[PDB]
Structure formats: structure tokens, C-alpha cells
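Visitor: Based on these hints, arrange chain Z with the ligands on the given structure of chain Y.
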Amino acid sequence: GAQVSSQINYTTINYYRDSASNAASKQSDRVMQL
Amino acid sequence: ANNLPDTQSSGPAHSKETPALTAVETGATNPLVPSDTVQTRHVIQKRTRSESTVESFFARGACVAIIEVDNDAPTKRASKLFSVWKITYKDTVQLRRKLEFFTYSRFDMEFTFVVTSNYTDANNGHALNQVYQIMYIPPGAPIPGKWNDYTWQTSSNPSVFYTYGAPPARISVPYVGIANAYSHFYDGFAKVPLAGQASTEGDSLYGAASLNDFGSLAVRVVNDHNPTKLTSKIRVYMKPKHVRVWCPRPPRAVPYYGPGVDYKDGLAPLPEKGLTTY
Ligand SMILES: O=C(O)c1ccc(NS(=O)(=O)c2ccc(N3C(=O)c4ccccc4C3=O)cc2)cc1
Ligand SMILES: CCCCCCCCCCCCC/C=C/[C@H](O)[C@H](N)CO
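Chains Y and Z, in that order, are what the protein sequence lines are. So the first sequence is residues 2 to 8, 25 to 44, 79 to 85, counted in the UniProt record's numbering. The opening residue of the second sequence carries number 602 in the UniProt record's numbering; numbering runs sequentially from there.
Simulated from the structure, these hints should not be mistaken for lab results. No residue lacks a Cβ here, since even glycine has one placed at the ideal position from N, Cα and C. Accuracy of the hints is not assured; some may be wrong.
[Said to hold, decoys possible] The following label-pair restraints were derived from C-beta to C-beta distances:
no. : chain 1 : residue 1 : chain 2 : residue 2 : range
1   : Z       : 870       : Y       : 84        : 35 to 43 Å
2   : Y       : 83        : Z       : 872       : 36 to 44 Å
3   : Z       : 607       : Y       : 83        : 26 to 34 Å
4   : Z       : 854       : Y       : 83        : 38 to 46 Å
5   : Z       : 608       : Y       : 83        : 21 to 29 Å
6   : Y       : 2         : Z       : 613       : 50 to 58 Å
7   : Z       : 775       : Y       : 83        : 14 to 22 Å
8   : Z       : 661       : Y       : 84        : 39 to 47 Å
9   : Y       : 83        : Z       : 855       : 44 to 52 Å
10  : Z       : 870       : Y       : 83        : 40 to 48 Å
11  : Y       : 38        : Z       : 618       : 53 to 61 Å
12  : Z       : 618       : Y       : 5         : 51 to 59 Å
[Unchecked claim] Anything over 10 Å on all C-beta distances counts as not near chain Z; from chain Y, calculated:
no. : residue
13  : 4
14  : 5
15  : 8
16  : 26
17  : 36
18  : 42
19  : 44
Looking at chain Y on its own, in the form it has when it is part of the complex:
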């Protein structure tokens, strides 16, 4: 439901079915044989 996140917190709720509608969440090496 409601997401409480530290910034003293803030609340985010997604109102849309599609995730795209969501707001942006800011959270020796010289010698070798092959």
C-alpha cells in the first residue's frame, strides 16, 4: 500500500496499474599461452 521512506519520512502511493505510470524512485603477466 503506502510506502514510507526516509528523506523526516515521506509517503509514496502508486495510483496506477502500470509500473510505467510510477514516479521515479531514487533508490608473470608478460608470458601467456592461449
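Guide: Positioned in the frame of chain Y, the structure of chain Z with the ligands alone reads:
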């Protein structure tokens, strides 16, 4: 005669280990297997080296001498009623080369004598079956001077009497060397010349140890002569047995010239081949 290691599956490699690179300056041979440089599958190896053991390599009778004798009237000075062959493997080449792959060897020896005979003319009657005496004369024993002198009593020498038409005669001897092994090569002399000795003293052949190291075989036809001359050849076949060998050497590349390592002819064995020609 041991079996051979299986080939193990080997996949891609990307690492600092470089088996391909080496340094032959050290004198060692890089012991690489195919899996060291290419991708390989698993192969259960079934081949073995049973036929390249030294025993298997020498387990063959090789002809080392053809001793010709006659059965003829002793008044015929052209005929040779007995023959003395000094024992050696250096009268032929094949067995010599095989032996000289190595510097030292110990082996018992099997001698097999194949005797053939024939008439020389057709106007002097026929002959009854001949018997041949093959007497070993160890060094120091008296050498026969005539086909019927006392030495043929062979009271102490071993002798083989072979009846013509019988299967080739055969005897065996153990390792009889006075050293702990036979020396195929001897880098030395029998004598060391000493300062002040005349030029005719202290001189010996290079590489010879004994003037008579293994003695001789004296061969005669025991029968008294028929009215017609008969000629016979005794072919001697040597087979080393229970062979041990030390210090391998590069094999003879140019024709043998005498019992030493000397060479005179055929000094161009390699043929011509382009550098970039397959
Ligand atoms: O028929 C073959 O098996 C036989 C035929 C040829 C052959 N090689 S050869 O070069 O022709 C050859 C031919 C003769 C002799 N040879 C003699 O002439 C002789 C005289 C007295 C004692 C020993 C030997 C002896 O080895 C050595 C080598 C060897 C054996
Ligand atoms: C009828 C009986 C005959 C028995 C003859 C016994 C002699 C055995 C000789 C074996 C030959 C060995 C090979 C030669 C070895 C080297 O050349 C010598 N060490 C160097 O001359």
C-alpha cells in the same frame, strides 16, 4: 613392453603457463603431449611398445659369416679342406649397425649354423653324406694347421658335429666378456707407447682391445674325400638373447669401412630436397 598413457580431454586454455615455449639450451627434451597445444578428446590408448624392447629389437638371427670349406683330395692345392673364421659381428653390416646403436651390451648368444653343399663337377662320381666339424678355438688354444691334425681331437674345445641334411646346428653361450659388458666402441689402445721406445714398439691399432678377444671357429669336412670335389658353405647366424644395452649412440650413417669407425666412401647420404618443398 608397457602400455601407453591415455589421451585426456583438454579444452580451451587461457593462462600464463606456456608449455609450448621452452629452452633446448638446457639439453632436455620438452615432454609435451597433444593436449598441451591443441584441444584433445579422451582416447583410451591400446597400443603398446612390446616390439621395440631391446630384446625384441635384437631377437633375430642375423648372418655374420659365410665360411667356405671343401671336401677334395689333399693333393689338390687349390682346395681348402678347413677354414678358420675369427668370431665377430663386424664381417656383415646389419647386425653390426643394430648393435652399434649402443655403446655397451651384455647378452647371451645363440649361434645357428646353416650348412649347404654342392658338387663342383659332374665327371668324377658322387658323394656320401658329409659330416662337418665346427670346433670353437678359444684364444690361446692351438689353431688347426691341417684338416686332420691333432687339434681336431677337441678334447677340451667344444665341437659340434653336424650331419648334412639335418636341421641347422645350434648352440648357445652365456655372456663371456672379461669386462662387465661388451664394448661396441673402445676409445683407446692395447698399449701405451713409452718415451724412448723405438718406433716399432708400443704401437697398437686404435680402438682394438685384444688381438684375439673371442677366438675362432675352425670348420672342416670330417669325411675323407670322394673322387669328386664338393664345396660347402657354413652360414653363421648370431642371435643376442637376454640383451641389456647402455649409452645409446647415433646409428651409422655412411658405409662401414673396416672394424673401426673409419669412413672412406659414401659420405653424401642425404639426398636433395627443397626447403619449401613438401
Ligand atoms: O648369403 C648370404 O646370407 C649373404 C649374402 C650376402 C651378404 N653380404 S655381402 O656383402 O655379399 C658379404 C659376402 C661375404 C662375406 N663373407 C665372406 O666372404 C667370408 C669369408 C670367411 C668368413 C666370413 C665371411 C663373410 O662374412 C661377407 C659379406 C651377406 C650374407
Ligand atoms: C661353437 C661355440 C662357439 C662359441 C663362441 C663364443 C664367442 C662369443 C662371442 C660373442 C660376441 C660378442 C660381440 C663382440 C663384443 C665387442 O666387439 C668386443 N668387446 C670388442 O672387440
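Visitor: Decide, hint by hint, whether the structure agrees.
Guide: Going down the list of hints, with the structure as the test:
Roughly 38 Å separates the CB atoms of residue 870(Z) and residue 84(Y), a value that falls within the hinted 35 to 43 Å. Roughly 41 Å separates the CB atoms of residue 83(Y) and residue 872(Z), a value that falls within the hinted 36 to 44 Å. In this structure the supplied range 26 to 34 Å holds for residue 607(Z) paired with residue 83(Y), their Cβ-Cβ distance being about 28 Å. Distance hint check: the CB atoms of residue 854(Z) and residue 83(Y) are about 41 Å apart, consistent with the given range 38 to 46 Å.
Taking the beta carbon of each, residue 608(Z) and residue 83(Y) are about 25 Å apart, inside 21 to 29 Å as hinted. Take residue 2(Y) and residue 613(Z): their Cβ atoms lie about 53 Å apart, and the range 50 to 58 Å holds. Between residue 775(Z) and residue 83(Y), the C-beta spacing of about 59 Å breaks the proposed range 14 to 22 Å. Our hint of 39 to 47 Å for residue 661(Z) and residue 84(Y) holds, since their Cβ atoms are close to 45 Å apart.
Distance hint check: the CB atoms of residue 83(Y) and residue 855(Z) are about 46 Å apart, consistent with the given range 44 to 52 Å. One distance hint, 40 to 48 Å for the beta-carbon pair residue 870(Z) and residue 83(Y), holds here, with the actual separation near 42 Å. Take residue 38(Y) and residue 618(Z): their Cβ atoms lie about 57 Å apart, and the range 53 to 61 Å holds. Here the CB-CB span from residue 618(Z) to residue 5(Y) is close to 57 Å, well matched to the stated 51 to 59 Å.
With a least CB separation of 47 Å from chain Z, residue 4(Y) remains clear of the 10 Å interface cut-off, as annotated. The Cβ of residue 5(Y) lies farther than 10 Å from every Cβ of chain Z, with a closest approach of about 51 Å, so its non-interface assignment holds. With a closest Cβ-Cβ approach of about 49 Å to chain Z, residue 8(Y) is found to remain outside the 10 Å limit, as its non-interface label requires. The non-interface label for residue 26(Y) is consistent with chain Z: the shortest C-beta to C-beta separation is roughly 52 Å, beyond 10 Å.
For residue 36(Y), the condition that its CB be more than 10 Å from all CB atoms of chain Z holds, with the nearest at approximately 42 Å. Listed as a non-interface residue, residue 42(Y) keeps its Cβ farther than 10 Å from every Cβ of chain Z; the least gap is roughly 41 Å. The Cβ of residue 44(Y) sits about 39 Å from the closest Cβ of chain Z, beyond the 10 Å cut-off, so the non-interface label holds.
The structure is inconsistent with hint 7 alone, although it conforms to all the rest.
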